[PDB]
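Asker: Chain by chain, the residues run as shown.
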Amino acid sequence: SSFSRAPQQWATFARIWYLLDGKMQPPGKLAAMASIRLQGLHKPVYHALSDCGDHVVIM
Amino acid sequence: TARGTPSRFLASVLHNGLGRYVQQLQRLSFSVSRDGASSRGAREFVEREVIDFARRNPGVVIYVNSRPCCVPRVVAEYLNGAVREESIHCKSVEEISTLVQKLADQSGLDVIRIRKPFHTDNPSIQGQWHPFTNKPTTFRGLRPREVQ
Amino acid sequence: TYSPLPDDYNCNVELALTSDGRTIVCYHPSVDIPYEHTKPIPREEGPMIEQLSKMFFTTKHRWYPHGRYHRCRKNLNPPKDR
Amino acid sequence: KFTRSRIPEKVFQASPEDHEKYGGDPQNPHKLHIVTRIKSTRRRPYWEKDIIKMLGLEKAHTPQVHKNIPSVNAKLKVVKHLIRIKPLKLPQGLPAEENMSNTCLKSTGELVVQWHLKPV
Amino acid sequence: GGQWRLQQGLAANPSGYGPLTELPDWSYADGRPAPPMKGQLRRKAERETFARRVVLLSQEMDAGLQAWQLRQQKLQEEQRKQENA
Amino acid sequence: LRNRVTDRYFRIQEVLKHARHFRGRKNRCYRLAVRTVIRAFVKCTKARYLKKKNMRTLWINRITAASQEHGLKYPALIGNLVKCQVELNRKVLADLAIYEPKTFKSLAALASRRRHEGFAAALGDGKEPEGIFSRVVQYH
Amino acid sequence: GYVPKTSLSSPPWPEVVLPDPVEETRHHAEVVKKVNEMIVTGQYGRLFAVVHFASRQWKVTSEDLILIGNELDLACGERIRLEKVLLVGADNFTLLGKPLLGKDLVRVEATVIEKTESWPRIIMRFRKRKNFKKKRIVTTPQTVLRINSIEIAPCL
Amino acid sequence: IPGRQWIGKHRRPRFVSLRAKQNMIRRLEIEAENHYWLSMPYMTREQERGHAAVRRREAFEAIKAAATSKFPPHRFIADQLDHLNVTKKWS
Ligand SMILES: [Mg+2]
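Chains as they are written, first to last, in UniProt numbering: chain A, 2 to 60; chain B, 2 to 149; chain C, 35 to 77, 104 to 142; chain D, 35 to 154; chain E, 24 to 108; chain F, 10 to 149; chain G, 49 to 204; chain H, 12 to 102.
Chain A with its partners taken away, still in its complex shape:
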């Protein structure tokens, strides 16, 4: 808390980069983990209009 208006808004809706190792993993259990993180469905600030998806990097 105690932020200004503009850096508080930036911190909440910032996009985060997730790594996700795909070695010996099924591709559908990686797809469920990625498409939650790609939608923003892991954030409590989630809305379908707020455009709060993150970046998932699968190796």
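Do not take every clue at face value.
[Unchecked claim] Derived, one-sided and incomplete: chain B residues facing chain G with beta-carbon distance under 7 Å:
(1) 10
(2) 11
(3) 13
(4) 22
(5) 106
(6) 113
(7) 114
(8) 123
Just so you know, the hints here were simulated from the structure itself, not pulled from any lab data. From the three backbone atoms N, C-alpha and C, an ideal C-beta is built for every residue, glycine too.
On the provided structure of chain A, position chains B, C, D, E, F, G and H with the ligand as indicated by the hints.
Answerer: For chains B, C, D, E, F, G and H with the ligand alone, kept in the frame of chain A given last:
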């Protein structure tokens, strides 16, 4: 509908409930015909209950104009400069006494669609969620797949 | 020894019932980031829409303009909150 | 054809195993049912749409005291698939005219005759 | 989750009976009690006519048992007051 | 024509004031406007049942998002906040997760303590004394 | 009754040991006394409350506004003590009832600012090919509360 | 499916999940309890005879007396003369 009509947020005028409650009507203005059946109830409102009303709230200054009109109007002016002109045409005395008490209770803000049913100005106390709450910190700030 | 959540990231949660058993008192002071868990501060329309799509990771479609109908339907004085 | 259904008397003769599963007494049985409709009268024949009006069960999930007599029970045997029957148990007695305005019917089926909203 | 509330004896809906929806929502700041809610006056009136129905239907059984307990005795002394002369 | 309609202009503007923000000729031509202004009003009242549906689906997706941050699933949080008689609804629980994440971390700690008290009561069948957070408060 | 270590022999969740209930109530007395001392000395700052007003639950802080969709038969300006507080929280502690906090502990005040009506809000019915078309415009009455203070008292 | 998926000779098959099996089973257990509580009446059929005939007969008499009291309402001179008030003026 709501996509046709404007909208606003739930507010008050000058934080109307924090220190004291300021009555938000300034004026009521009645045009009431002396001869006319359309202002039959409006003549009985002035005769009976406008003197009981003008003592129940001494901040409202009431003007009864009494000119030959076909439609009697009531022109409620508020503290934020808004004007809500309504008609009391062919209304009984019990129907003007609630129409005027409705004009006293409300503020001068528009009766357009209110977006949220609440208004917090400090919505967060423990600090609003950002992605780095509920995420533990690694040693030395090392991101994944970083050796040094 | 027991902790219902791994009190490591957000705050140190301690749950407690009062002696009547009617209110639940939760005590949670904020955890601080340690000093050793930080880093020191280190000290044409076609090609331009391909350049911003690579820059902001959006598609090409949101950089093309819109007509006069959508441009003047927009509320340029929108209601503000908070 | 599709007719009304005569259910035999064998179905409504409770076994001594049944007195152990549900907490009823064969000798000294309960006096008042608590009837509650839990299925719709739509897609049901007209002889069940009218019995439900006779017992007052037009609203779903609204309880209704009915006597445990073999004439009320003949109407409950028609629409037993629509309703849920439980005994009205009375821990304290039936309410007097002083305790009439402080009653509450609980979800266990019991009618408490003193209902404060304070904990124990 | 209302199949747990039915085991504790509460209403399956938390909006049923209990302290949440039967206590007064507000009071005056000086401490005078509020006039009762229209949904509490309507519920207490609907609970009274339910309890009046428990009192009415239980007495109609108990008075109906005593009438059969007298008619089966009046049938009985009719059998014994003809067995003479 | 003894009495023909003199005020037909204002009956058209009763409909055409609702159509001003449409597309095509639905904003101008009255014959095309009433079949859409009526249809814009039926959708306005049929979407009072979908606002309450789409808000609760949003609250469930914002509680499920925040309970996963503490390792809880959504049915493991709602199901065990009821068992502690904490009758918070979905609107506040989705607005506790955004604006007060320390209090939401305490509700995820409480719903996981009651969950572990539910398993330990279930593996130890037979009469065992109840858990500490599993004791119900009775009202009479 | 021993099973060797395969993958399915043991359950996959970690075996959680629940702590002893005689030492937990002693630990619960330490946590309750810690938070109670924060109420006496004034360690808290801004409080928020979750109040079960009319039919729903409002997350409520001080100096805010609430819009309820019914007339409250009050005068504009009358201070109102909202009962049924069911969660009170600060930056460092929260108290949450079962299901309500006591009236001895919290006191949430509220004024009444305005008693408006809603915006004119249409109800239109239509069925195709049936000449079924109804229109109705309702304005539900509304009231606006301004929460003045969420006081807390050391009764724990 | 040849025509109209759910009617006719060849329909598309519908199958019973664990939802639909458990939904019928917990409705079958409300029903088995219903057969229990209807199996033990408080009175036999000869004891209940006429036990509420005095209340049933008085119930109909109050419907019958409400039916035979349908008549026009009273017409007052203070409803006819109050229409003179539409031209009530000031002076
Ligand atoms: Mg076909």
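Asker: Which constraints among the numbered hints does this structure fail? Numbers only, ascending.
Answerer: 1
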